[PDB]
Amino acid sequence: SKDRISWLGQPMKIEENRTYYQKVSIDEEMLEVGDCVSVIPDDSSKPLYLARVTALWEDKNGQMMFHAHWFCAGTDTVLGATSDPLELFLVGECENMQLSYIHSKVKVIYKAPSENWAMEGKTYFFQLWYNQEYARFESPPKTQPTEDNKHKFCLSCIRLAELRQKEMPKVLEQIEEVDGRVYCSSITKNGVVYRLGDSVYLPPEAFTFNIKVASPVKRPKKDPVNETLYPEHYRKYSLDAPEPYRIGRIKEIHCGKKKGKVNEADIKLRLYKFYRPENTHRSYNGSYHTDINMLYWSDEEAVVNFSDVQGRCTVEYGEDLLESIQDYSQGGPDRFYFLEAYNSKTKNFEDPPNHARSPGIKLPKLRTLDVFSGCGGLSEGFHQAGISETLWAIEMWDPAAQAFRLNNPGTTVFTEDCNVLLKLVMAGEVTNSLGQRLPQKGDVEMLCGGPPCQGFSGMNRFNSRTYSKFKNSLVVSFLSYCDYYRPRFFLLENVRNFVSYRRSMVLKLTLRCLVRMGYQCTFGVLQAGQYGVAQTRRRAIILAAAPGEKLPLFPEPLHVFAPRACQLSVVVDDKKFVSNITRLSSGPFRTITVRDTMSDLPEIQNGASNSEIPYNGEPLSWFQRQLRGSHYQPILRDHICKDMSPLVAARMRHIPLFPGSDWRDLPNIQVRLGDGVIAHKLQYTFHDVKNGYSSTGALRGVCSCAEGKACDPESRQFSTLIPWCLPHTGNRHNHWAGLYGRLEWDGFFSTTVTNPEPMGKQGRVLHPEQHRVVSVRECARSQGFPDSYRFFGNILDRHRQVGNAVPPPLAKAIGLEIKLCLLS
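For the sequence I just pasted, show me its structure by itself in the form deposited without the DNA.
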């Protein structure tokens, strides 16, 4: 508390409502703008309030005030209790307070990164600005005070202003008013400038197409079946991706008025509607083969609110292009094209109107060390983004290492445990026992890897031994690499639940470590499906950038994907964290289906083992054109599949081809197997108290536990076409949906695993039509691997390599964001 408060010196500036001072005397103690201060919280449980004094003034009401730019205590960030008690973080929170509330002046030191940062391997301090919505720690702003604002300079305030300014709609150029409306030639929002003739992204529900579309005649309940023949059919008891953006060319821009001035909150756009192929009568079955970025011109017009505009996109008439459709297309983000118009009325494709026509810096590649390199999915995505050149890779497992070499003739691959390699460099060795030159300080500019985080699954609290386990884990080793090499950029990829293992303590300790090193850092979850692959794959991503750099953003989703598979947010101690991703529903491109992925692949049989066979056909999908290339390439590699036992071979043959088919479609029949053995009939000799009798008067239990009792030891039945254990525990596991399931042509892969098993956790691994599990190549296609991408070892080795990889299209997306950080 402060009672004796008097100004010192001449006022710095006198506004109309405030008189500013540079110094004040509080209880005989000098205080200055720039000083830091503590304030005692009313809530005794909260950490002490801490602020920088950015300004001093008197209000007309006789109050002597300061502006408090608050600090954030470590425990109020993701770090929580892992954070240094003495570390503060900057935040965009500030306010006006009565000087008399100050409890004490405090010393707050700015711990700046040493000028020799690359070689580094009781007072409060700070180093980073904390963004609490995205969990980003970043370098403090470089912005300096001007003479004009030197008296009130507040980073927090300046930041909020810049946000507001960027966020808000503004009209750049007015044309004329017509009937209570100002028409404009140019506007802007969120940093994007939209002019007449530009194209725009809009939510699916922004407008409607004029084409008539008869509601799909669908089908009544499927054909009924005999429940003794199909005893598990009843357990089937009880097209979910949104649409991609609407797209339109801007024809006019007009807004209302307030006080004789433009109402910018009321800007409206009139657009020429564009048709995606699947928007025409062609629908989807008519667009399987079309480019994902091809559109159709239309003279249909729509009025839309600027507020709804989700972004800007380029749409060009094919013929006006100075380059090839392909070159133009792969040239930049948000690039579309058309070659025809579409008449909603005659359902015909005319030539585009005349008015639809036009008017008639090389970056250094980052030298990259890829730890836990695997077969190189991560390094491949980066290469594609053009941001890196992986010069060094470490992979303990020989086959994967070899695979890496096959794809990267130029990188020195150390097939070795990362722990012993690091010791070797610590040992001063220039070389490993094989003459291979170890990477040193300065060599490594970008460090990436996916450290297997094996233990830690039991999400109970961190104990003393647990902390030791972690200190000896591979994620820590990876951090050791970061600490020694001090790279410009750091990427740690992992399974989604990296963020939640042991109450998120794994996540918190690695962020704590990155912060301790002085790194900018953040984390997030991404869904590979949203970057152009036909698979559900949520992954964790920890990003870090060296003091002098920009911290990259997480890439905006490119493809629409099943919402249920796009739960990207993570809760840490009840706090919900999200990434900067803005596209929370729709997106530019349609979802990539199983069909796009592997409809061109020649037919193979269970156990097929010929690793080199010819494509006997052309790419059918856009996706297949990308992955197979335009280049001459006649050889289809690794189109081989596991050789399932005769029993399992039999089960597969008996899963029907209807979309969604799985083990519950299996007939309860005896089969003579391909060995001379027998798949027997499963027998039901217990009541399932929950499921009752069937229509054939049959019982439905295969164990005593189906009647509420304990399990009969004798219960288990062997060598039976319908796996015994599935009805056994079906009730407690949503009837094991998906097990022995066929992929749907219209659907997507379940998470691509190291060893696809019909009876594994996610067992929807059967080809949609053929009687076998998916091939190594097919799995590679479910990830984003080009067809030329090589793998190595026996079939299981290759599956392992493919299931382990980061899909290159996901990696590429991340790569481009880092690329943004390389400008200037």
Second form
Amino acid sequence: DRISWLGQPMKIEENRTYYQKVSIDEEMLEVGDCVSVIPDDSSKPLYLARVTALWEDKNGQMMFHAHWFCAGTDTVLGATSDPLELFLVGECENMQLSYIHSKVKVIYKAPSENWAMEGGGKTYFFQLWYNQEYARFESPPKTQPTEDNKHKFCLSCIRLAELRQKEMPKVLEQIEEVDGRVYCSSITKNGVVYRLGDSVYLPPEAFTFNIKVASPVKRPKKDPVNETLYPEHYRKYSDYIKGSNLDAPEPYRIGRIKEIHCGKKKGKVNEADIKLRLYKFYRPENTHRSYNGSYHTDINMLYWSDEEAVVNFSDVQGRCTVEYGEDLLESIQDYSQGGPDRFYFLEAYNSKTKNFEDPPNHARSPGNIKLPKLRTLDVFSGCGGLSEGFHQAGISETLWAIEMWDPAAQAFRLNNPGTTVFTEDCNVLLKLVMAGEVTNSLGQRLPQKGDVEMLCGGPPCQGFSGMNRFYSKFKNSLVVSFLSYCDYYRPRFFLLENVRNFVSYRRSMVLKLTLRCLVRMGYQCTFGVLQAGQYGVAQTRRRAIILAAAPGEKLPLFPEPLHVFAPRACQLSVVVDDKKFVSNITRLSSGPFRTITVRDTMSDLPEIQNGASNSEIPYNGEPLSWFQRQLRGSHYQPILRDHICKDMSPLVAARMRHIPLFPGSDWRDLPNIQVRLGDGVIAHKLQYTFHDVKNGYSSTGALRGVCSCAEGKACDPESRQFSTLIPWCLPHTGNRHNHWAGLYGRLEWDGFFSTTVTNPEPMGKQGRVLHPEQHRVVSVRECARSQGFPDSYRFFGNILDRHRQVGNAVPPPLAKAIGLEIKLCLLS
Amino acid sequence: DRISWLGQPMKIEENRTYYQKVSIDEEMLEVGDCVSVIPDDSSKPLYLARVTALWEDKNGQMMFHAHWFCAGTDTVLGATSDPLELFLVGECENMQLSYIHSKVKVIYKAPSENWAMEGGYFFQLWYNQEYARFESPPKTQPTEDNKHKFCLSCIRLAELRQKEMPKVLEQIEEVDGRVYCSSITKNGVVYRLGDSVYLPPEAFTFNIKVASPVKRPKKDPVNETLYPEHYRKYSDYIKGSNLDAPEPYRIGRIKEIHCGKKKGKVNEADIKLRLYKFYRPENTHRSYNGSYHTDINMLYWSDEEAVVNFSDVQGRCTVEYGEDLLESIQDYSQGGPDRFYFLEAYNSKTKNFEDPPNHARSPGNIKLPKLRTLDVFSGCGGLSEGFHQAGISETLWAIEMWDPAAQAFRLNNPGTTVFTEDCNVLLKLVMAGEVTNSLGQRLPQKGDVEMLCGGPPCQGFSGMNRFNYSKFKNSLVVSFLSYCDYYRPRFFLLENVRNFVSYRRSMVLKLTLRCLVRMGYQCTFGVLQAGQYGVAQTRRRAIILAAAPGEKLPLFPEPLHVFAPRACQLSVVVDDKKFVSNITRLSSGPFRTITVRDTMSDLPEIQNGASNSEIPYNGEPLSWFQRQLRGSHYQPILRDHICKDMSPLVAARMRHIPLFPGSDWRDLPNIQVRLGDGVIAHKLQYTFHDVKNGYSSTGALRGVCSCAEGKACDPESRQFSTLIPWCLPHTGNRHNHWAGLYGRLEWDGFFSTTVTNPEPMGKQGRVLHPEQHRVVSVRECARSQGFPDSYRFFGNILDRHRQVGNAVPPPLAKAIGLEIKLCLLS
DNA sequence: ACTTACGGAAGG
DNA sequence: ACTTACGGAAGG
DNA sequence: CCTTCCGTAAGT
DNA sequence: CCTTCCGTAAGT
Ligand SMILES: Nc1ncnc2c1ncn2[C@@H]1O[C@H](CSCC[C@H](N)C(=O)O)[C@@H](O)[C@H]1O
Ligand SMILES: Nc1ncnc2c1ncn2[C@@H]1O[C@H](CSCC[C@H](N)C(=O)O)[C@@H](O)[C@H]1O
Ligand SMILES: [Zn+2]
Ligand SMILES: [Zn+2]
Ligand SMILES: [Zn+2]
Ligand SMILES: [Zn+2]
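Having seen the form deposited without the DNA, the form deposited with the DNA bound:
Below, the chain from earlier opens the complete complex, with every other chain and molecule after it.
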């Protein structure tokens, strides 16, 4: 209605008149309070904001600035949120007081000073800051208003100004202006300082190399496949090769900043358009050697060039460190392992000579705190792939572990000699500590409040695994059991791992309540899906990661990818209630390092026949790639362990011998032949005595059905065929299972593994488990190679037992990647 | 913590000590106040309830009765709901005072006495989770006896289950453990001896045993060179088919009622009924062939007996002997529901018809004001024609921007002020105080409108169009709500296509409902199948009902005709909460299904491209359905029985479509035809592999473009003027092989959704006559829509086709309107 | 025991 | 004009 | 429409 | 996987 100002205006500017208090419809309003307003544009029924400023413009209007809140429904929580709970966000507006519905009351629920020891009309409340882009619940900032700020204080305006000034490119020191163009010394953007002589990441389309690409050769169809010798090849019109890096992008371009120039705009320097001319760096796969010489070289070795190219400062992804070999005060192994984005070069590459030099002298550089490991409790430890990676980050000593499966707990003790491993049921053991008992029946000391500083685990996946056919279920579940451990112990850091479909299970409900509980605990928290193949292994393995940090700590961000990977497998987005959420990761284009492949994974292992049982055989050679050198160490070790194969049936064995070697091969290439096996057993041909209404007749007029369902009828028993080389069940239900692609399939050397399983079977849903050339299933060591386990890591039990230990495991590279991000928050 | 009573205790039962006030942890609680409690078994994070009783048990603890509330997110509204709005539910439980977290204050927000002239925590409505019905709260109030445990949830529960339970009224004689009765009741329906009752078709047999011999299957092999697209019919599905259609209800005449006894009293839970089997004309030896012309409510008496359970009783119907009637049988059957009649009787051994015995004979052997209704998006007027068929409203105003629909509306409504302006413009003139428009037509204003109805454009939500909050703020569905906001009628109807409540993941629905709750309107929604109300067309439409606070919210009409179960899936789900209408008839119904033969068997044979707008009937009506739309008065002239003039190539396609049920384009031969002058229809050439469909039986290919081999579509591969349309095998595999295109309806079948332009190569292209080589006529589309032959249209043949397409069937509108009638009484 | 035998839906 | 030409998702 | 992928139960 | 269905825009 009519709205009058209260008291003398405070901190008025020459063109804007801030006040202190106002009265709406005979109400009382002042800085600190909060206000409701009805929307014009959204599905929401009402908005809630916070007062900020109190100014009347010279135009005659009276407006005020408003720091909007966030209903729990507006967040990832949705309907499971607390209807009395709000969150702080980075939305802010300046608004006329006539839109004020009227005054609300929101109270700040700060975490207790005894927070780590707990866990045994309408009035709103807030406790944490929400960022809708990456779905991150963070503790609110602690910066305060001063004399300059008291009338304008808007935390959302400050976060916007600090972030935008951070993101803006800026020239720091400029050398000399020449005829309209000003040359620069040092520039910066996104908080990164760039100077002359630094190297820099650029996308692959930034510049080419002067060595001409070899692309004229094209591969036509080899021949028309016979449809009676190969009566199931017709199911391969897919033109899709599983686990192949043909669509894998090329890694970052790297150049040495020769010089920086730009332009002018309105008398001042045009910082928005900065140009960089660099010396191109040659990845070994960019020389005339290209990929076929790219097998033994390190992933961070480059080749100096004198070629030049001009690129925009806008395309700079980041800055990397590249040094010449002889100038380093330490080794190259200790230099590469001392930090990220660290490259090196020993020679130089001439485009015309196609030889390697001593690089010129203008490429040579100038001269031409004990970290406390965190006491960690690893629930569902398995073999310890998750805890091993955290150790590789050097941030944690896992003191306790819970693993009900016996072979997994034993293998865990083998690799962690200072961990008290419980084989109890996790909920049986937690109840023991709630009863006040010190040890279990065997005398193992139970961890108490204050002992564990980080809690991590990977609960069973078989419930949310998108492979198997078949509220208080969540309240009795194992993931809620893992949540009361964090509720009881109140650790400083929390990490939960599961398969990517963990956050789409039951219409995304399980995660909606998984973070719903952490925020009621006052925990900072966030989630996201990560591809293990982006962090050093040759396996597509998307796993959902839930991070959480105590209010006194800083919430970690997700690790940014190190290796490029096939794009169809790095789709890391997550949709919940039509709101798409992403991780804080900024590397989608490409990455610093080449993708890890199967040859970098297994090319050094000796040839074994199907059914290997020798648990300790010698290496007949030395590491053949950078990846193998990482897992075998540099110390002399001749014994290769766990390189054993499953003993398959003579029928299955015969099937694998007839799988072609060429990439993409699988069961659909098997011949319809008769082979006789061991003793007097005979493998029969497959009879096609039924019409396939959908698949029709063959090139030879033969039929393509093996049962009566192929004609639309009910499946008839006794039409089932046995001991066939072409398995009977795959053409049986192939039409509605994408022709069972990948089964009895081979990995390719230039490709990568699928998600490595707990039991490798060529006729299971993920059956791409044949060796690229050998007629055998993948061995236990080859699986942990694809899982990133060092060759020093040991497992326990029979062949199947140690297989499942590898399959259930978090890849240590993924855990090391995450672990490093947690260390960054340990500082300051 | 510590809980103490305060005040004198109220009336105390044998084991329960009622109190009025009590103090738990420094607060004081009175009956009628509200409390918050924390949940442990629901995904919802808090529950709120109003305290109704304050007793203390005999075991020692002190308890209280809590009538739970309904959060707006708990409802169909979900996240859009007003967050401080709650609704009343029939949920209640008794609990300890130890679970009380807080004491909330919720107040009743009643509609003002000046509520209809407006439009320029709290609770107001009652929510029914099963049917998604926001109703006004009950006016039941407490008296001294009930005031200590007064829970509206419990008396609505008690009256519900007691109306639902069977009960014996009048007992007769008790004989050796079995007591015979003369009156029983359930579901509020009283049953007496001599009455007839509905029962499922699985209730009893007939002594005429039906013949079902395995007629000839797998007749011949079809030449895949002559018919190279026949292989696409492996689905064994024919659309518009009534072979999976259930049988209507079984009807029998109660002659004796008996039951047992449990613990000395009657066992009303197990009541038995002995009936006289009634013979539908399709149950006699004539069967379906003989039951074509007979009424849908004529039965045949039989002395066959059968005993069935009273738990199987679906409803009561009234069956009278024909000659015992005081009126005609048309005045009788058109005078009420569930009304059947019989004139003869059927003997199953003799297999012909007698005159019924004397014991089958019967004993002797207020002007309602119509509503002033405004019909926005009137079209030709099919919606308000149905309302007038129910006799509940004279539609005085109407809005229709398309001229041929507004003209055709006036031709059928002579006393309606039809505005052809834009709906947004017209209300804007009412907002400015304008009396008339540019033409001098008086504008309706508040008070004049008693009912607002309309069918907004379906083109945005329809599931055939490809190119699908601000858009909601602009659209006509909110334009139609501002009319509801200004005039504030007593009743409100919104019609649209089924997926209106699935558009944008059910957000259009949740916002259409939320606005009516904010204006104080009772409201609900549901999906209805027009084929369940007397037409031979599957036409699922979402219906949104609303009622002023002072009125009573109507319920959805219960199906009158059985229909194909595949097209009557009326349930809708929004945010994984499945909602359904109040309909109770699912398996079967009172009347058989209306079929194509019942709809066009009387209309004369016409060639393709007819323009003769006024032709005579070739005889009399040939069914009950036609006799309803042609009237008892002598009318010799048939209107709008014209079909679209098709191209000579299209003309040749229709002639080559087999007449046997389920035929469509996939049966066309691949040959040449000589057309007008020297025009030739060229053959179709298969010069590409189809990697998904493989080779034929003759070794020929099944692809017509490079895409069939997985390549990019090659132009210059397109074939023109060929009998088998080139575009149909081109994109068939990812379009269900284009089932229905150039398809024929079945006489024993029903129409698909009759659209605005019948073209056989459209998405729904089974628009060919069951026998004639032509597309259905304008009248035949009006017959499938349930229009009387008395109804006039306007414009060209296309403008007429659109008028019948976008109209909502008057039968369905009549079904809804009768339910609105039952609220105007009492 | 071990080898065969096989839902979906969810995203894309 | 009018005859052809065809993306879905959402449910079952 | 096609591709994803820490599989289990029914068969013998 | 298979059926639903008050279609519209590209092209003659
Ligand atoms: N109730 C329970 N209590 C403790 N461990 C359990 C359990 N139920 C299943 N487990 C074990 O938990 C293990 C999870 S495997 C996960 C291991 C870890 N993510 C890694 O990287 O190695 C399974 O091997 C399973 O045997
Ligand atoms: N802006 C507008 N104002 C008034 N009518 C409109 C309009 N936009 C479209 N229409 C008309 O609304 C009509 C809906 S057809 C529905 C008519 C009615 N349900 C019946 O049974 O007959 C369409 O024919 C269309 O011409
Ligand atoms: Zn701001
Ligand atoms: Zn079969
Ligand atoms: Zn009650
Ligand atoms: Zn094509």
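Note that the rigid core is defined as the largest set of C-alphas that superpose within 1.5 Å between two forms. Positions refer to the first chain, counted from 1.
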Among 216, 331, 548, 286, which is the residue that shifts its C-alpha 2 Å or more between these two forms, core superposed? 216
Superposing on the rigid core, do we see a C-alpha displacement of 2 Å or more at residue 252 between these two forms? no
Taking the rigid core as reference, does the Cα of residue 130 move 2 Å or more between these two forms? no
